[PDB]
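With these hints in hand, go ahead and build the complete structure from the sequences.
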Amino acid sequence: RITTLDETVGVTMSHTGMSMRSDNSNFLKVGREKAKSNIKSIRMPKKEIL
Amino acid sequence: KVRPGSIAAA
Amino acid sequence: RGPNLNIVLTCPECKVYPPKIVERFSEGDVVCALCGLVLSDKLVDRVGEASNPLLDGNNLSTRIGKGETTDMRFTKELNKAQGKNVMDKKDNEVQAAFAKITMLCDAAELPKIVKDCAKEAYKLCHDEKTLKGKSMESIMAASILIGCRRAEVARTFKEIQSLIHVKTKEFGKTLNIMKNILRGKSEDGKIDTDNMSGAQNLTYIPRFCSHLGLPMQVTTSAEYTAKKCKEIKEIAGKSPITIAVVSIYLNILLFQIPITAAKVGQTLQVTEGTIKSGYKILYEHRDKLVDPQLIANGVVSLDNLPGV
Amino acid sequence: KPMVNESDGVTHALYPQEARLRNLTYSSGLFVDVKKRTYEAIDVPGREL
Amino acid sequence: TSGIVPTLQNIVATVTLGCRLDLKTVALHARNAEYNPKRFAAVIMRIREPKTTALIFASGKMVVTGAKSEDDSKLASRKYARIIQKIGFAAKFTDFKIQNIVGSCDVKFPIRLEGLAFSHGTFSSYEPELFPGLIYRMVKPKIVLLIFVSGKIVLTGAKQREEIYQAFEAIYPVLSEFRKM
Ligand SMILES: [Zn+2]
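Chains as they are written, first to last, in PDB author numbering: chain R, 251 to 300; chain X, 101 to 110; chain M, 14 to 58, 78 to 221, 224 to 342; chain B, 99 to 147; chain O, 60 to 240.
Treat the hints as calculated values from the structure; they're not laboratory data. In this text, a Cβ means the ideal position worked out from N, Cα and C, and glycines have one as well.
Facing chain R, a subset of chain B residues (Cβ under 8 angstroms, in silico):
no. : residue
1   : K99
2   : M101
3   : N103
4   : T109
5   : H110
6   : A111
7   : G127
8   : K134
9   : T136
Shown next as structure tokens:
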């Protein structure tokens, strides 16, 4: 049979909707994975890059 | 012409 | 700057201006109250559609859908043709923003008034020069926060961030811009009350206590403690979240509820060190942070509060 | 068990009498355990992964 | 009326030289230099006697900061220009303008930030969940003030020593009106 939670309803719902706690999961963090890497460069003189 | 015979010139 | 086109009902015989007029709805008449002369008779009291001219303004449109007999080709082609409209494109952006706001509020389990106010704020603050370089996520989050505050159900920055992925700097800048826009339109064209204040730590306590599962008596005691906590200068400068959390923890240990600070801070996303530090400051004024009626009735005394 | 969340965000157990009087829906919440897995493989050309 | 004159903590000044500089040469031949193109597009240098920091760009523009007085800032800018001249690049003192003045003071009593935010809602912006200090945008003079519960006031935005004093004198009464207890 299905399992019924006997805990307080507010305690059970504390994880739902706009909750203070921030998610610590790392699943499907494509944005983080590709945004962490970033490198830039300077304008070296044209006479060499040419 | 900015640097007269100075360390910058070298 | 236009024709009058106004009708005023007055009794020719009485000549009294303004006149005493009675609208006999049951008899469908408008009668002078003094002489009884009838001024207008045959007064009037699904075929149409309703709209709110506060979130959509004046925009009449109709959808295309299947009927009792229909071919999919015609529906597809007609929807394709209707999509390629230039005049309707401008308002479709506002409609899409409304849809995303509705999705966010519904996922947040917020009341209908909150999302309606958020949509109104977004519409009022949209299409302005000041908000042109800010992300739509920041705009929507700021509007949702403003609506939540206006509905007396104000949420917190972290709580809204849990759903909308926007950093604090952008969120605060957008919120300030939106508040300035609302103030400007309130003056030129109300909007704010005591609720518009920032701290309003009293509103948070019931929800945090609900998250912790404490009884309503403990919730009321925590509300009283937080209300009186603003008298201490060493704590009034702290964040309202910290003030409310520390008051709740103080009342929890007052009533000896088996919930440790390690779990209180984990549930409310507040550092345990911060909680205990705030408890240290409030312990020096515990006497002014407990309800006189409670301590007199004897549900608990000052004794049940361990101090380091 | 049957529960109701108020506008301010406080959730409490709901009874049929209160539901009838307050025009609230007598309903309970449903929760499911979710497992999020992620696999990866080296995609050498012309071979099964 | 207040009897206390706020003290100027910081001075941001801008100077121009009108000549192009070689950041590599400046970094190699300067005592205190930090040339990191990945970090920034200018050379950061500092001097001790005025205790000031200068950002020098390849376009001949210099930004001096840290001076505690207008004449001290002038002296620091002159010394920076002399250092560049000694390096050899043609650098001549030109328009020197102070673009920002920062000052601090204390009223010596707590202030009801909520009361100020409610009464003066057209100029104040109090969001204690981000910053523990109210922000007051005084319109005349155009300056920004940071008001804290501890009774400390920070003034920023003035271009001259007169504007900051005027702003403090104009804000003292409204601050005194909202003293806690
Ligand atoms: Zn009449």
